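One chain comes next, on its own, written out as structure tokens in the form deposited without the named molecule.
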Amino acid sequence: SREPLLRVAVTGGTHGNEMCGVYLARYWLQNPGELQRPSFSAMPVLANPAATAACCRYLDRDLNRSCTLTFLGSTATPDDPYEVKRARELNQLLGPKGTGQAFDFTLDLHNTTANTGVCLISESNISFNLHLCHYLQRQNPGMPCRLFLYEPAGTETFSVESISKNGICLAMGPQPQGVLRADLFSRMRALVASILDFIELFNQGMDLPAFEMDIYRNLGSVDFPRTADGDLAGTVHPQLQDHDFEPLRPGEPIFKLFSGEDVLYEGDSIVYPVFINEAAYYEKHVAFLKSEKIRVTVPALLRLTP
């Protein structure tokens, strides 16, 4: 017995300077008709109102790192980070996280300065999320739509969409922070429409046959070359720059130092760098994430049991 997804949210402005989500959320709050389907209506939400008003990523702390049960469960004070306070409000709205009152699904919208194109980031290999990616791929022949599987190191999930029972992040790049490109705005807008379409089909009892697909699974990060003071001593090499999801073999160049030397990848295996040179990641000490490209088998999601 398939349970329909009836309480569905689309969050924009989780990071205040990521403009597609910001303006789609603002627009939908004024024009919700677009998020309505026969079986359900998705609720638009501006996730970080103060960061959005200020057009910056966050005020005190990254909102997308503030939604752990520890943060949500903590006893409020006045001296809490704004984003911690806002996380609690999203917990009331979309959760509480880990309980049966949580929303069925949260779609969280993101932009990156990296040349990722269309990427879905999933914190688990839940088969519904893989079918969703597959659906978007099929709906857009010739458009890459890649799934980046980013499982939490251990126990606690951190993100805005993790508040809901399930959720996914739709990330689109490249786009400078604080800039709204018409091309990415429209494309993101159409892909959200398609994601809602998919939830409707699901809700209507559509059978989703098992299938196989390539996904990219996180191996971990590589930091920028630094001085003994952790200041940049170089940046991403021109031959790596803008080459997200392309293979990176050992011995290939990954940085150019200001001194003019090349730094080479010293790994044992070919990997697939993603989120190469993202502005928000400098302070997280991440020049890029290494991923392994793996072919997974996705079980069927059928209305009835065969």
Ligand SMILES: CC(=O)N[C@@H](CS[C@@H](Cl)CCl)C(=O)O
The other form holds:
Protein chains: 2
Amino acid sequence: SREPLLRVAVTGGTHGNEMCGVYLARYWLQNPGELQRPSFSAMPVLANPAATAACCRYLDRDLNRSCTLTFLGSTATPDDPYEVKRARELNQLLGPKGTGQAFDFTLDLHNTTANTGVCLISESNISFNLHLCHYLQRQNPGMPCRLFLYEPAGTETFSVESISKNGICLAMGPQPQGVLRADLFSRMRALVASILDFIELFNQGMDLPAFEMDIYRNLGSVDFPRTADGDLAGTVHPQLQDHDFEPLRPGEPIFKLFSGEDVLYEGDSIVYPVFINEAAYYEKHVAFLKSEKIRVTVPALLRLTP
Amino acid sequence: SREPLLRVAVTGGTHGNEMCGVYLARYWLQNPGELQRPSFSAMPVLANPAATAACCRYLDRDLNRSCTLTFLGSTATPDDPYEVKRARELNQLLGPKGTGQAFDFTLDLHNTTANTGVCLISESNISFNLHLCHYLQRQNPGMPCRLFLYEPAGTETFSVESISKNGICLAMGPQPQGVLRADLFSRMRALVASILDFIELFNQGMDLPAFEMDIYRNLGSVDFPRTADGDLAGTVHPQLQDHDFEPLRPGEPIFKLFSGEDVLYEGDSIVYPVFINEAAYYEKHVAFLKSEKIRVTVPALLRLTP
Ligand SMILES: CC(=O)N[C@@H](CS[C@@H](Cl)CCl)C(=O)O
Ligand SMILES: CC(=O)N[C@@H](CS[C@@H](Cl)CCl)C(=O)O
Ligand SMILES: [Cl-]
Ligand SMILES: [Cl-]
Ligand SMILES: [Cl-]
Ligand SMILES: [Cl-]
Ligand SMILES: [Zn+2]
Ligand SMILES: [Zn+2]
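Show the same protein again, this time as the form deposited with the named molecule bound rather than the form deposited without the named molecule.
Now the full complex is given, and it begins with the chain already shown.
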């Protein structure tokens, strides 16, 4: 029988310069009304305080690559990276990751400089999460709302939502870092209201019929064309730029070198590039990500089994 | 009689995270060919080295607000801001500002997160500079190429181009910081080639007939709606966002508060907002800039007077 989700968090500011998250967090800390539902209330949290204030992605280490049980379970020192110190505080608050104490759910807000529009990033295929995406699609006709599935290859998970029993990132782009677009703030806000609505109904005992949907499963990344120096030698090609989620046949151009030469996609088959030309992924050696567009079957989530 | 411009510089990377400049600079340092013209060669320079590498705007102080004669003429200490140390090195190289030693001309490259497209920022109305903009307009039909006139209210000038006898910024947006768009890199590159072409002809003794053009003269800025805390209380309104250089009548909306309320433009007459929602201007308390669209007469620049 269905367990209601009662300890629910919404984290903004995991990256200090992704502004929808940041300003929603700050706002709700002052104005928690809109996070109240009948069966539960979602705790608003500003994930990376120091970064949010310096308005940069991270101080010492990406907070969202810092929540492995190794990191979390390690022994303090003087000069642990700030984000490691902070990760542990989030473990204290939302976890401990892996224990029965952890939150029921974390909704983690993000912005991107890629043209992804609305995208939910999920680290497993737990049906709850696909039912959720699907609820969002139904509530917003004609607005795309896509699911990026990024399972961990290893066993170690790294992200802030990985701390709670379940979780998911709401990613929205394009937006420059340090820039708050009114249209995106308000659309994030609405989608968050809707995600909370969803959880209300789930808790209320709502039947969620099995269904089918297309999703986007990570195949791994592609780095920028580089000089032996490890420097850029070109950038995302004009015909790829801004076309996240659209199909990339082999033989099509993906980069343009400074020397004027087109670079071409070499691969077995058609893929779906996602997070094309994200500011933050330059250092992570990632010009974009390769996904396969599959169609999965999502089991029903019922109050009672039949 | 006309003096040729012979010591000419192109600075990129004044802000470490504005990428067209940065990658053009790095490129030319390796590939100086395309900066050679018959009568002169332009020296490529990476303006802010430390910032360019940390990929941020500035380390201690905006390099482009750090070239006043006070700063330049001040006495070293241990803990002068890095950009002040660096400003002085640029004075050594391109100046000294105000002396007969200084460069003939500095072309200073910039990117913006506002939707300005191609914009030349000039700190005086020296006809050379308007003749230049005008040359750019003629060479690129249908592509807007606008002149933002930002005279110094005081006497003290602050920018990197202010060091050379004359100079001008080439600004192009929109682009997120830390993101290099291929279309913008290459269009900057072409426009730079063209600016050098211009100087070639000027040096060759070319007659530049008097003419008339519209320009955009600064009237000052408008800050974001703020909480008494000095925090944001809203952002650029959806109908203003992305509409740089287009007219703002009074009574039209300029902000949208988080509380849902439209803020309205209050002023004497129609203005032309420029650099709407630039990441970097959040701390400088500037949501956008007000300009008046005037039509000036530009004197001829002839080889011989008639
Ligand atoms: C560019 C950016 O800050 N977007 C987030 C997305 S969430 C993560 Cl669970 C998987 Cl990639 C990230 O890159 O960390
Ligand atoms: C946002 C940005 O980095 N653009 C430059 C423009 S040039 C300056 Cl001469 C007058 Cl505003 C600046 O703001 O410094
Ligand atoms: Cl993109
Ligand atoms: Cl559903
Ligand atoms: Cl804008
Ligand atoms: Cl002309
Ligand atoms: Zn993020
Ligand atoms: Zn700049």
